[PDB]
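Participant: Based on the provided sequences and hints, a complete structural model is requested.
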Amino acid sequence: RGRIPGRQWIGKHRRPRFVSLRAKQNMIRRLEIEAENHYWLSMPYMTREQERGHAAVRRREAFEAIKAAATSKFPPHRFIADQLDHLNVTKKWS
Amino acid sequence: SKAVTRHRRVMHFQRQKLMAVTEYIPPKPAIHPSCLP
Amino acid sequence: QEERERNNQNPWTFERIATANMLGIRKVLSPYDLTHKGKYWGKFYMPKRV
Amino acid sequence: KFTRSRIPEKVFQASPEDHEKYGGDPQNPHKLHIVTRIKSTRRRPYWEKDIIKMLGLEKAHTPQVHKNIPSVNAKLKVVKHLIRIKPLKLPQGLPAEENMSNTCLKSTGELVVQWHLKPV
Amino acid sequence: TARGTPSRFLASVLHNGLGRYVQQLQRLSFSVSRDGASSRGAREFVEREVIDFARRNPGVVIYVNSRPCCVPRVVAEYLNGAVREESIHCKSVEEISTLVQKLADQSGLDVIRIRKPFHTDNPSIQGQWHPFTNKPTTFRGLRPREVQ
Amino acid sequence: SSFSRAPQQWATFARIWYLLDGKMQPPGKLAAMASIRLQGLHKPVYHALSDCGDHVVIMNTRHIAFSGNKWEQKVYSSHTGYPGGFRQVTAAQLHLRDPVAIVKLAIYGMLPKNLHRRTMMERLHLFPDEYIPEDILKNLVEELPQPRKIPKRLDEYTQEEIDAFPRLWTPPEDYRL
Amino acid sequence: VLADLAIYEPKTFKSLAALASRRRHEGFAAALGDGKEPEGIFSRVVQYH
Amino acid sequence: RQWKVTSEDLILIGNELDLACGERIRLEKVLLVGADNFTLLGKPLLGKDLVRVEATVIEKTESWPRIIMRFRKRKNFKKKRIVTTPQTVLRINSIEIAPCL
Amino acid sequence: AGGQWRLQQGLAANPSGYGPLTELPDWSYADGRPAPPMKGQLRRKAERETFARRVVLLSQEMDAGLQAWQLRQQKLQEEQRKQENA
Amino acid sequence: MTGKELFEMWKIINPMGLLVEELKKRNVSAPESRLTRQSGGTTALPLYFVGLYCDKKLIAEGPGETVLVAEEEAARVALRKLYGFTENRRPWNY
RNA sequence: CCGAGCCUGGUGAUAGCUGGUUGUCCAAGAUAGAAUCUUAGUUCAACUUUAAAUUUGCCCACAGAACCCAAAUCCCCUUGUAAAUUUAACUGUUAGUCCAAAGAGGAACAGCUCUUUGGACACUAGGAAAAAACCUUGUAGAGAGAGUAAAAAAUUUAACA
Ligand SMILES: [Mg+2]
Ligand SMILES: [Mg+2]
Ligand SMILES: [Mg+2]
Ligand SMILES: [Mg+2]
Ligand SMILES: [Mg+2]
Ligand SMILES: [Mg+2]
Ligand SMILES: [Mg+2]
Ligand SMILES: [Mg+2]
Ligand SMILES: [Mg+2]
Ligand SMILES: [Mg+2]
Ligand SMILES: [Mg+2]
Ligand SMILES: [Zn+2]
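Chains as they are written, first to last, in the deposited numbering: chain o, 9 to 102; chain XI, 30 to 66; chain XN, 202 to 251; chain XZ, 35 to 154; chain b, 2 to 149; chain XK, 2 to 178; chain XR, 101 to 149; chain XS, 104 to 204; chain j, 23 to 108; chain c, 223 to 316.
Take every hint as true, because none was put in to throw you off.
With a Cα cut of at most 20 Å, we get these calculated SDA-like pairs of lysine to any residue:
| id | chain 1 | residue 1 | chain 2 | residue 2 |
| --- | --- | --- | --- | --- |
| 1 | XZ | 120 | o | 52 |
| 2 | o | 75 | o | 64 |
| 3 | XN | 238 | XN | 206 |
| 4 | XZ | 109 | XN | 227 |
| 5 | XZ | 73 | j | 25 |
| 6 | XN | 228 | XI | 30 |
| 7 | XZ | 120 | XZ | 140 |
| 8 | c | 303 | b | 123 |
| 9 | XN | 228 | XZ | 78 |
| 10 | j | 61 | XS | 189 |
| 11 | b | 136 | XR | 110 |
| 12 | XS | 151 | j | 48 |
| 13 | XR | 111 | b | 128 |
| 14 | XZ | 152 | j | 28 |
| 15 | XR | 114 | XK | 42 |
| 16 | o | 99 | b | 39 |
| 17 | XS | 132 | XR | 101 |
| 18 | XN | 238 | XI | 33 |
| 19 | XZ | 123 | j | 82 |
| 20 | XS | 107 | XK | 46 |
| 21 | XN | 240 | XI | 43 |
| 22 | b | 117 | XR | 107 |
| 23 | c | 233 | XK | 7 |
| 24 | XI | 31 | XN | 227 |
| 25 | XZ | 111 | o | 51 |
| 26 | XS | 151 | XZ | 154 |
| 27 | XZ | 120 | XZ | 64 |
| 28 | c | 226 | XK | 10 |
| 29 | XS | 146 | j | 28 |
| 30 | XN | 240 | XI | 41 |
| 31 | XZ | 123 | XZ | 133 |
| 32 | XZ | 120 | j | 30 |
Quick partial rundown of chain o residues pointing at chain XN, CB under 8 Å, derived from the structure:
| id | residue |
| --- | --- |
| 33 | 35 |
| 34 | 38 |
| 35 | 39 |
| 36 | 42 |
In case anyone wonders, no lab produced these hints; they're calculated from the structure.
Built from N, CA and C at the ideal position, the CB exists for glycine as well.
Facilitator: Here it is as structure tokens:
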């Protein structure tokens, strides 16, 4: 006795969830810190025209750095030392 | 299901929390307006 | 009804939080809510809702 | 259906009571936002999560600095609900080259240029 | 696995820390081969490092047999009589050095689960809790509902 | 400390005989305190493996009182095991037939549902009246207080309290009472 | 360590509980009057820099 | 992580200290110190000059092999690995207090 | 616990965040010698240094952009002066 | 020696008698034993606390299964604190 | 053991169908559709993968995008960021479930069916009772350290001159 049809949380009839002062407090907290965010997002410092073309140089140079990092691609160098170090497996005392 | 239904369509839990937060809190004085005034 | 929605002590209102999308509730909600703030749910009507 | 949520500009118009409450002077406004991610970028749309990732807030509870300009304001207005904001406050002026190492943040948005690590 | 493997309480041998500390690694015994590519690291180790190791640690004694071995071994005998064997087969000189050093630093007793990371012979001061610590007494020591 | 090992261990893990008078108290609160004191949670040396429980005694279980209409609304239900053996009895008839059953069932529900529940319930002791056998009113320690304080009746309110309490209104003389 | 002291050093734990209770009473006095009063003696805090 | 210690007692640390065996060490951070009849609480920690906690290092030892397996059913997801973290064993030699207070 | 109180007082919500309980050295030689820094404190100092450097860079870029705007506007004024002079 | 307590290393008999002799030598009254607290006197696990009081002055108190074990253990405690071998004593310096 | 015998051989018949598919460790990775005697499949596309060449790629700011009879979208220099396009080579997925929203069908029935925008699942973890799809939360270890996230339903009801 006391069951509900089908799955518990979906369909035309489901288990009725209810709210608690716990969750209400939590979400009022979220939205009041969101209102503080609204306030601090207001009152900007500069305008579009003031902030238009100041960081273009930095963006450009960073992008050329990325370009150089991508272009600088080769196999690594090969060395006679790395080749002949393998002979040292048959080392033995006289 | 559909939006418009004969029955009251059970809503999302966040929506129900929102509706539980938003109500008409009537402005009441600290003193009842009959006994004192 | 209008003096109630003017005198409500609750600082938070459906219309405010929905127009602002303060918690991503635009997911759960409809576009119609933005006019049918709280009073309506499908066809029904909650006059006590504000 | 669910799409981008355009916000009216009237929301971003601080009132006098909001000014005297939050302590933010509109004249001589702050320059830098300390931003911190609170909620999970999961269960959120792809544009929200990629905005978070481009701002550099993939890591939670790690304050990250941005400017106060409209081009950034747009992004963190799209992702308000995932973050908390504060302005940057410093009494000791910008950190000089000698005090690059002895810097420290505070929960109050303050950034102290010198950190003696010893009480009064 | 903990329930499969045995356990022990944390403890030091013969109370080594209080008085003069002693390097509790008594003896080492290397078994290396003249030939064998596996023993090349061990051979270079006994060539160059082991001298410095002995100069640094006099309390320990080292033996080297230098006989044919397909796998070079290192044995460590401790004060308790604990034997600790390791195979240095195909091992680098730096890794051999780290192994020998961690053996010198290790104590002569098994590595198994430790129930608790501490050990206090005198754990209690002010007297440990008993039921009658934090409750008062009665006039003439009278039980509840007692006339005389 | 300066106590020997075995005696100190004994004194630490010893059992204690608590006593309670259930004269007009709620079986719920009584059972909560009894359950914690039977687990041994009140002992800072508690661990489920170490049976640090304590013996507890209740008296005047007959003269207990619910909060609300529990006496008739509450139902204790049990199935004998046979068809039609589903029996339901109000707290009223259940108390009239056995005044201890209410408190013991409340404590049995309060306790954890492990195999130590039965042992702790055995260590528990209950008495309908203020009468106790010699041994188990002798080997006691102390009586912990009650959960609720009972209010006074007009039979108990002394005269000076009534005089201190001010009269609130003046009746008209022309009225019957 | 709180539990360890509750077991093996009950007197120190009683001292700590007494301190906590005194701080509660100071906080209650503050709830009555927030400012306009001398701050509590133990409620006072140490600031580092 | 916190501990409560006395003299002639051992302590285990689940990391390396870079201190050879047998060396001594002065521990600074103390949240309190207590005797039979009194204690000294910090705000948060005590003064340097008041206390002096000295310990000796006795052993560096590799932990027993701790196994880490991840398995998921009906997905052919199985992966094991073994970890051995170092430990440093210390013994608290002496605890003393200064008259300054 | 007490995170809100610590924040109201200005301290970290989690005491492990910053302060003398974590930033100070955990051990030193009995001879009185200073111990080597721990990796945690080292990386914290490094990231704080990068943080301050970034703050300085951002502020300098903002100031330079504002000054460039002001210069462009006063040049606009000067060139209108030139226009009506011609 | 630091690990083992003293009565583990030094066996004795009639500790109460040795205590009485010591106190007589120290010129104080012969103390009397009195159970301070008790629990489960009737059940199989009796517990008693016996304190030794001289001239209405307590030197030591000890727990015990029975009154005899409690009083002998209390005499042991008194001997410990008299001879200065309490577990809470100054450890051996170096 | 005859809708047409048994044996051998072709024959390792063929099977878009079912089952099965052997040591360890790491990383990236579920994704629009068209055609098909085609819908239990395959080919192309899309997504995904590897190595290389190059530079623009993503969010986007004013302006800009129809007469007929809404939420948003396209384009987009800035800005914050670091990805993107192309070249060489295959594979696999191409039988999809729930929630919210705009709708169509049906009974304004379905855990129903069909398109679109988004999220989750098909990957670990905490809660809601156990629970796929709901709410918090992601990048991986040891701790006998700590601060937090979502997280527990409230209701009692009718006198009358
Ligand atoms: Mg079901
Ligand atoms: Mg629908
Ligand atoms: Mg046939
Ligand atoms: Mg991977
Ligand atoms: Mg066609
Ligand atoms: Mg097919
Ligand atoms: Mg563009
Ligand atoms: Mg369906
Ligand atoms: Mg379906
Ligand atoms: Mg599949
Ligand atoms: Mg992590
Ligand atoms: Zn009134």
